[PDB]
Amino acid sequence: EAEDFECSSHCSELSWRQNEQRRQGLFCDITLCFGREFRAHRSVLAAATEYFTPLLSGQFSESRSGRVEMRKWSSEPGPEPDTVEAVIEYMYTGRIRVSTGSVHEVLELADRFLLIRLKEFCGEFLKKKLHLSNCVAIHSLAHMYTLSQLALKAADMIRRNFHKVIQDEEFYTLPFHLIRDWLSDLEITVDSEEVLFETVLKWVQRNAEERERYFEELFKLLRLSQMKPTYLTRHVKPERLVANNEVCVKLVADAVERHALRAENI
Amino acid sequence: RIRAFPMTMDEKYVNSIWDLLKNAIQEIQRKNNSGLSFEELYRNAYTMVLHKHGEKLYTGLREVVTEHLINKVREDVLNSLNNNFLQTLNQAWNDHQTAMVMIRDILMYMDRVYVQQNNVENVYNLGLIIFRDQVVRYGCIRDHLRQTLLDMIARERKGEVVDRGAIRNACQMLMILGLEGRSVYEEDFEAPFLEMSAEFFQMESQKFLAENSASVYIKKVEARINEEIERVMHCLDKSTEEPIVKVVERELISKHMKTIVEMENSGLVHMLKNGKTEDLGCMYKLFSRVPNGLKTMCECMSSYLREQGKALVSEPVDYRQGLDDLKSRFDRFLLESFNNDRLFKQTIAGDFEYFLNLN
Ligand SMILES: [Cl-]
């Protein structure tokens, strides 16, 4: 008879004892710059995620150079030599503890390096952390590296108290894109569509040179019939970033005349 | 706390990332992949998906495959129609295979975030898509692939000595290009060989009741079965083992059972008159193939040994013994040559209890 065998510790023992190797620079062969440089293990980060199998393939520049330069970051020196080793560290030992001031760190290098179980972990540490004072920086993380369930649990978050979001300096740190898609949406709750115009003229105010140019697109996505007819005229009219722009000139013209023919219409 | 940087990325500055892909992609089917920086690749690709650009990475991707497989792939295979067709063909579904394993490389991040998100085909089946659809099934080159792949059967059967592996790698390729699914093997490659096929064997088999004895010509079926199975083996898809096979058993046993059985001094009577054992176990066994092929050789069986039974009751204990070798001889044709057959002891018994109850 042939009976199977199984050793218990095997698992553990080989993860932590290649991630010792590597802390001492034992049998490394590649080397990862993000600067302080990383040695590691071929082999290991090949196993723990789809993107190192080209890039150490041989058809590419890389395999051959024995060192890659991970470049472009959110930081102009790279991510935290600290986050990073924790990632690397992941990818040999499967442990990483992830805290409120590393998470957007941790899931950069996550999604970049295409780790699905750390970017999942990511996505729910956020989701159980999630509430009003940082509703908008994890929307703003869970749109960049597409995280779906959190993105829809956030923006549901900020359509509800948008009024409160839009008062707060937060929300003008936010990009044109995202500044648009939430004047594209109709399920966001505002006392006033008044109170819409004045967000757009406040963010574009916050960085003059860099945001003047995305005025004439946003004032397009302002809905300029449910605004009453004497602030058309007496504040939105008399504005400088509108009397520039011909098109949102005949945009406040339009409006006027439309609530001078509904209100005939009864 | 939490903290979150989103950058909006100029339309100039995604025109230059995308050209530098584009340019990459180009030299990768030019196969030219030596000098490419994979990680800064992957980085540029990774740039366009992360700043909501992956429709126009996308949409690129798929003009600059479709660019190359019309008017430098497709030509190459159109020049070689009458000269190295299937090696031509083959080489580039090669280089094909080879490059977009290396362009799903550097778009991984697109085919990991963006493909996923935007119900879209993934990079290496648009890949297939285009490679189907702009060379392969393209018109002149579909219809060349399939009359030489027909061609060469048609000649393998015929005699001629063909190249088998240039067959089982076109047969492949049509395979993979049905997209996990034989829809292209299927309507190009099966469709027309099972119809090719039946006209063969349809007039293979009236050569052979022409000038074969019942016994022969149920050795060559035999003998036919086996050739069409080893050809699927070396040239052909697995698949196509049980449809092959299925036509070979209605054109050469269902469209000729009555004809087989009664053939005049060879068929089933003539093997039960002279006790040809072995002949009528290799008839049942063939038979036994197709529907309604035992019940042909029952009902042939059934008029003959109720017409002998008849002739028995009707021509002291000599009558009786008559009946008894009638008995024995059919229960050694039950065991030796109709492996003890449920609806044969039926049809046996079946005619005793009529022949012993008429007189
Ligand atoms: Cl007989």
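Numbering follows the first chain given and starts at 1. Take the two forms, superpose them, and find the largest set of C-alpha atoms that agree within 1.5 Å; that set is the rigid core. First, how it differs from the form solved without its partner chain.
Checking 222, 70, 56, 28 for C-alpha shifts of 2 Å or more between the two forms, after the rigid core is superposed, gives a single hit: 56.
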Second form
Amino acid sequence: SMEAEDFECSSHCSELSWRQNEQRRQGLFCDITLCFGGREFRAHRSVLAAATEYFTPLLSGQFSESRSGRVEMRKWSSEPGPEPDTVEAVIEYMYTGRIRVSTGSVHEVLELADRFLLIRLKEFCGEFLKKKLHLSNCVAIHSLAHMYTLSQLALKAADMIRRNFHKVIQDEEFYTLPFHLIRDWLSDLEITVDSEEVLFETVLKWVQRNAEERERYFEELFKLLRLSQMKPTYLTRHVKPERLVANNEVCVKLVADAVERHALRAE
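Got the form deposited with its partner chain bound; could you also share the form solved without its partner chain?
Excluded here are partners and other molecules; the one chain stands alone.
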């Protein structure tokens, strides 16, 4: 006659988190406002902290909160910041664990996911991109996989770039990359190209894309080329005559030593 029975409402948790989301959409009981530029987003601290440890540190007072709880978001990759509909989607994801990712928003979702330590969401963006990987976007994708540490994705995109190196060079996407990547690539032994001569034509184009902030990297890039692997003809007829090479003595020196090596290896 003694007994205790456990009652478990199977849908209860989903319903709870969905109603808190409907509450968020009307501002009900919200105690924190995420400000981006600008556009403001209300939410509940309890939910944010539950979704990610990223927000737990806001108890101590590690956020610049106005007296009505406003937190300002550090600038992002794009000045304007992520798209309003995309932020709303990531915030709603924190409340419900559901989100629709598209080719158009995947990059911003990835940035927000990375910024908020949303591991699962970030891993998902990784599979999404992994399945969309294609010669026409491997560069743009490798760039992201790197910027957001997506090991798996990185390798895959890197292989496609190696095998098709001679191709990615005629398209203008490649020339929008940042210096540290261009550098890593010239340092890559595996890249498949017809001649080292191409790599020199590539560096010129990368620099000529934005003379201003790029001409200052030429020398470090130039030192990465293997001149001993280029035809003496090209070395003296196209390399040495080039302005960026002539104006820099360390460079002209390098060309001369290379030409000297060629004659010495003449056996």
